[PDB]
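Engineer: Each chain, written out:
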Amino acid sequence: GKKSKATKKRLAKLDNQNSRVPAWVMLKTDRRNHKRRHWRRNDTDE
Amino acid sequence: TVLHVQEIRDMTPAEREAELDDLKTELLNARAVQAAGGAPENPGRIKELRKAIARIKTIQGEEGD
Amino acid sequence: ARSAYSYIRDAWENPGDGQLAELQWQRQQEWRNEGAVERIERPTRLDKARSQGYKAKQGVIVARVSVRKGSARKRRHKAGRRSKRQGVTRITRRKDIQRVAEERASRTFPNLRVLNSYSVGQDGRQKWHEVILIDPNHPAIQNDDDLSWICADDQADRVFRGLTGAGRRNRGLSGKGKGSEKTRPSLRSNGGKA
Amino acid sequence: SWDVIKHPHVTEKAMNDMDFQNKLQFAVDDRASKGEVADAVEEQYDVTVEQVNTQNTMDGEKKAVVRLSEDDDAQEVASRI
Amino acid sequence: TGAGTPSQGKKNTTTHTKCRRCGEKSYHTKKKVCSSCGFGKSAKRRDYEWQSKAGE
RNA sequence: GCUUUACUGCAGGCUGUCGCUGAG
RNA sequence: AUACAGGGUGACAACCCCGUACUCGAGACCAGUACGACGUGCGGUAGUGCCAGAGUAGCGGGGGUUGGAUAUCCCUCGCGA
RNA sequence: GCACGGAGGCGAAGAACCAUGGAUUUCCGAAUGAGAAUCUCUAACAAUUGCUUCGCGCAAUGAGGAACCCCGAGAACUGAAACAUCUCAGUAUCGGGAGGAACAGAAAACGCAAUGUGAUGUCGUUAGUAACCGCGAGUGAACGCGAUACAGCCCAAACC
Ligand SMILES: [Cl-]
Ligand SMILES: [Cl-]
Ligand SMILES: [K+]
Ligand SMILES: [Mg+2]
Ligand SMILES: [Mg+2]
Ligand SMILES: [Mg+2]
Ligand SMILES: [Mg+2]
Ligand SMILES: [Mg+2]
Ligand SMILES: [Mg+2]
Ligand SMILES: [Mg+2]
Ligand SMILES: [Mg+2]
Ligand SMILES: [Mg+2]
Ligand code: NA
Ligand code: NA
Ligand code: NA
Ligand code: NA
Ligand code: NA
Ligand code: NA
Ligand code: NA
Ligand code: NA
Ligand code: NA
Ligand code: NA
Ligand code: NA
Ligand code: NA
Ligand code: NA
Numbered sequence: 002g003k004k005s006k007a008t009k010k011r012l013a014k015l016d017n018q019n020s021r022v023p024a025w026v027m028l029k030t031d032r036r037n038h039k040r041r042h043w044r045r046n047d048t049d050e
Numbered sequence: 002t003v004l005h006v007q008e009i010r011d012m013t014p015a016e017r018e019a020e021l022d023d024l025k026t027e028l029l030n031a032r033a034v035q036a037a038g039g040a041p042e043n044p045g046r047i048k049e050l051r052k053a054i055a056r057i058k059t060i061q062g063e064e065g066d
Numbered sequence: 002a003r004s005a006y007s008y009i010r011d012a013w014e015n016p017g018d019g020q021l022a023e024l025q026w027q028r029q030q031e032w033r034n035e036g037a038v039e040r041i042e043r044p045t046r047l048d049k050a051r052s053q054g055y056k057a058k059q060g061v062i063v064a065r066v067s068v069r070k071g072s073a074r075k076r077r078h079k080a081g082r083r084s085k086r087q088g089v090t091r092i093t094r095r096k097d098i099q100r101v102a103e104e105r106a107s108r109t110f111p112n113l114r115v116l117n118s119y120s121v122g123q124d125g126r127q128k129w130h131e132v133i134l135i136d137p138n139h140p141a142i143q144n145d146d147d148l149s150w151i152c153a154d155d156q157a158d159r160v161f162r163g164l165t166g167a168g169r170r171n172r173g174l175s176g177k178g179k180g181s182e183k184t185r186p187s188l189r190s191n192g193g194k195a
Numbered sequence: 002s003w004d005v006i007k008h009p010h011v012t013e014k015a016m017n018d019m020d021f022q023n024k025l026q027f028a029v030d031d032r033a034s035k036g037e038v039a040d041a042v043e044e045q046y047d048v049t050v051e052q053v054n055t056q057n058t059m060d061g062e063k064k065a066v067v068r069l070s071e072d073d074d075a076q077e078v079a080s081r082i
Numbered sequence: 002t003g004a005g006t007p008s009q010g011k012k013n014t015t016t017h018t019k020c021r022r023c024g025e026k027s028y029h030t031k032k033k034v035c036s037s038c039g040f041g042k043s044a045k046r047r048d049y050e051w052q053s054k055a056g057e
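Chains as they are written, first to last, in the UniProt record's numbering: chain G, 2 to 32, 36 to 50; chain R, 2 to 66; chain B, 2 to 195; chain W, 2 to 82; chain P, 2 to 57.
It is possible that part of the hints are untrue.
What the hints assert, rightly or not - Subject to a maximum C-alpha distance of 20 Å in a straight line, what follows is the list of computed DMTMM-like cross-link-like pairs (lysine to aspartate or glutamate):
{"no.": "1", "chain 1": "G", "residue 1": "14", "chain 2": "W", "residue 2": "30"}
{"no.": "2", "chain 1": "P", "residue 1": "31", "chain 2": "G", "residue 2": "49"}
{"no.": "3", "chain 1": "P", "residue 1": "33", "chain 2": "G", "residue 2": "50"}
{"no.": "4", "chain 1": "G", "residue 1": "4", "chain 2": "W", "residue 2": "62"}
{"no.": "5", "chain 1": "G", "residue 1": "9", "chain 2": "G", "residue 2": "47"}
{"no.": "6", "chain 1": "R", "residue 1": "25", "chain 2": "W", "residue 2": "43"}
{"no.": "7", "chain 1": "G", "residue 1": "14", "chain 2": "W", "residue 2": "31"}
If you're looking for bench data, these hints aren't it; they were derived computationally from the structure.
The whole structure should be built from the sequences, with the hints applied where relevant.
Structural biologist: And the structure:
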């Protein structure tokens with residue numbers, strides 16, 4: 002299925018949010037990404 | 002920091018624009034050293050350049066250009 | 002002696018007799034081809050108009066409004082409804098045709114607010130009423146002592162809140178005495194029992 | 002006011018095109034047309050622009066492939082920054 | 002042919018997409034009207050008094 | 001839910017009359 | 001101690017710290033209101049049938065509503081001072 | 001910033017922080033040049049109005065807001081130990097709209113009938129009284145008094 006310039010951006014953001022919390026924030030907070041979206045298991049919008 | 006307020010005002014309409022285009026270029030050669038995995042950074046400065054450009058534009062509008 | 006106005010006012014006491022009747026039979030013909038909301042340049046009933054608030058000023062507008070004659074164009078109940086609520090033909094609205102006219106008009110002229118209204122005839126399948134509107138954003142009226150108040154924010158979209166003269170008459174707020182128990186100060190604060 | 006050139010795209014592939022083809026890859030604002038990309042490049046690095054190829058990245062940004070005329074040298078331009 | 006498992010296979014038509022106005026995936030691209038905010042049908046945000054209890 | 005010469009209704013059709021509606 | 005309300009502080013704190021009473025200041029609301037001032041001119045007699053809001057007052061039919069009974073309020077049809 | 005890492009930077013040119021006023025303030029959005037699932041195509045108050053130098057020139061409306069408010073549209077389960085009037089109830093829900101509050105309001109009033117009271121809300125009471133009702137279930141005021149807060153005005157016409 003073809004996409005629009007817009008959708009293509011949304012998908013991209015949706016993929017960036019899908020990265021893990023930096024190992025450094027770990028140490029700064031002295032101690036989990038609750039929005040980890042797998043491609044197969046989960047479904048985005050649209 | 003390396004660029005204060007009074008000083009921005011003492012300049013002429015043409016100097017702000019000249020300095021703005023000077024910093025814009027340094028900020029641009031900054032993002033290139035970073036996008037290149039570069040290490041000779043000085044983190045405080047790349048931040049400053051942004052705030053400086055704000056100060057300059059902020060004054061440009063304040064003086065009537 | 003009698004003013005010129007008093008003639009027009011008298012003529013209209015029996016619109017079926019004399020010259021006015023000969024007039025109605027004419028205009029009405031031209032009135033039936035005209036749209037619902039038509040802006041006319043001058044009041045048909047100059048007297049009544051003036052006596053309602055009319056003035057030959059900038060920002061004072063008049064207009065005729067034609068509405069279908071009849072009873073509740075109520076659709077029949079589709080689900081289960083007991084014998085009493087099974088009406089469609091007979092039951093009529095609780096809002097008189099004149100008031101319906103005022104609204105169709107105020108809408109047509111968004112920015113304007115409604116001063117008053119009055120009847121100007123009716124045939125076998127429609128009734129006409131003229132409407133006096135005012136432009137509360139025009140300095141003429143903002144400066145005119147006699148109309149100034151209509152600019153007040155709390156006067157905006159007044160015809161829709163029933164704040165007209167024809168409105169209060171419909172709401173049963175004429176007599177300050179007997180009968181007005183269930184209408185003053187408002188229908189909603191009386192549980193809608195009038 | 003939005004800036005056309007965001008920054009130089011430096012990757013193994015970008016180098017290839019640069020070495021053997023004299024091409025400079027960039028990161029540019031997504032509203033910037035090929036033509037616009039052209040100008041801002043000639044103006045920022047003082048060169049002659051031949052052709053520009055654009056592409057909207059799966060990184061929310063647009064990617065400009067710009068080729069410098071047979072007179073200018075890519076490798077030399079990208080090194081002074 | 003069951004309406005179940007077997008008829009789930011044809012379901013590959015797109016309908017409700019990301020509404021430009023409210024930001025929900027309720028913009029029916031075949032009707033071009035949002036099921037949530039009502040964008041495309043009303044200039045006024047769709048809102049009903051039954052989205053909550055009566056005395057609330 | 002359905003039915004009918006179950007009770008009470010309602011659209012709807014037919015009909016008189018009122019207005020629209022005037023001239024000999 | 002006009003301050004023994006409450007909190008903090010390595011355990012139960014008036015006197016360790018924040019504050020608390022006393023006094024003081026600033027905004028907002030009251031309100032462009034009260035008062036004041038400026039202009040305008042209140043009132044009274046005799047005479048004069050010159051003026052005072054119409055599909056209105058009101059009547060009848062059909063619906064509705066009300067505690068409103070004949071004696072609630074509204075709508076519609078027709079007649080109408 | 002939360003958020004206590006690492007690198008670095010800022011602050012006596014008085015930073016941070018706070019208060020007030022100002023600047024900037026992408027795209028969709030009443031969304032308004034036109035089209036569109038947040039982007040696109042070649043100058044814009046789109047649409048409806050008002051004033052009008054009749055030129056979008058000057059203006060107005062649109063949409064949001066916890067609930068309150070105002071005018072319209074208006075259920076049924078249920079109660080009546082069934083059930084049709086009645087009840088639930090002018091409730092729920094729907095349509096349109098205003099403000100910081102709304103609405104009402106200076107008597108063609110009241111009618112403790114009087115030599116009397118004197119705009120309108122609201123609170124207390126009158127009172128579950130009068131009145132209504134397969135007179136069944138049930139529904140149910142007012143004048144008045146006691147309080148709160150008080151405030152009074154303008155056209156139309158005669159005559160110019
Ligand atoms: Cl109005
Ligand atoms: Cl009394
Ligand atoms: K029932
Ligand atoms: Mg391409
Ligand atoms: Mg009843
Ligand atoms: Mg648009
Ligand atoms: Mg039942
Ligand atoms: Mg029962
Ligand atoms: Mg009230
Ligand atoms: Mg019984
Ligand atoms: Mg009742
Ligand atoms: Mg009474
Ligand atoms: Na999936
Ligand atoms: Na209006
Ligand atoms: Na009633
Ligand atoms: Na990047
Ligand atoms: Na059944
Ligand atoms: Na009648
Ligand atoms: Na802002
Ligand atoms: Na406008
Ligand atoms: Na114009
Ligand atoms: Na029962
Ligand atoms: Na039963
Ligand atoms: Na007494
Ligand atoms: Na009964």
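Engineer: Hint by hint, note whether the structure agrees.
Structural biologist: Now for the hints, and whether the structure bears them out:
1. Using a Cα cut-off of 20 Å, the hinted pair residue 14 (chain G) and residue 30 (chain W) holds, with the two alpha carbons roughly 16 Å apart.
2. The suggested pairing of residue 31 (chain P) with residue 49 (chain G) holds, with an alpha-carbon distance near 17 Å, which does not exceed 20 Å.
3. A hinted pair counts as satisfied when its Cα atoms are at most 20 Å apart, and residue 33 (chain P) with residue 50 (chain G) qualifies at roughly 14 Å.
4. A threshold of 20 Å between alpha carbons decides the hint, and for residue 4 (chain G) with residue 62 (chain W) the separation of about 16 Å falls inside it, so the pair holds.
5. Of the supplied pair hints, the one linking residue 9 (chain G) and residue 47 (chain G) holds, its CA atoms being roughly 16 Å apart against a limit of 20 Å.
6. The hinted pair formed by residue 25 (chain R) and residue 43 (chain W) meets the criterion: a straight-line CA distance of about 17 Å does not exceed 20 Å.
7. For a cut-off of 20 Å, the pair hint linking residue 14 (chain G) to residue 31 (chain W) stands: about 15 Å separates their Cα positions.
No hint from the list above goes unmet by this structure.
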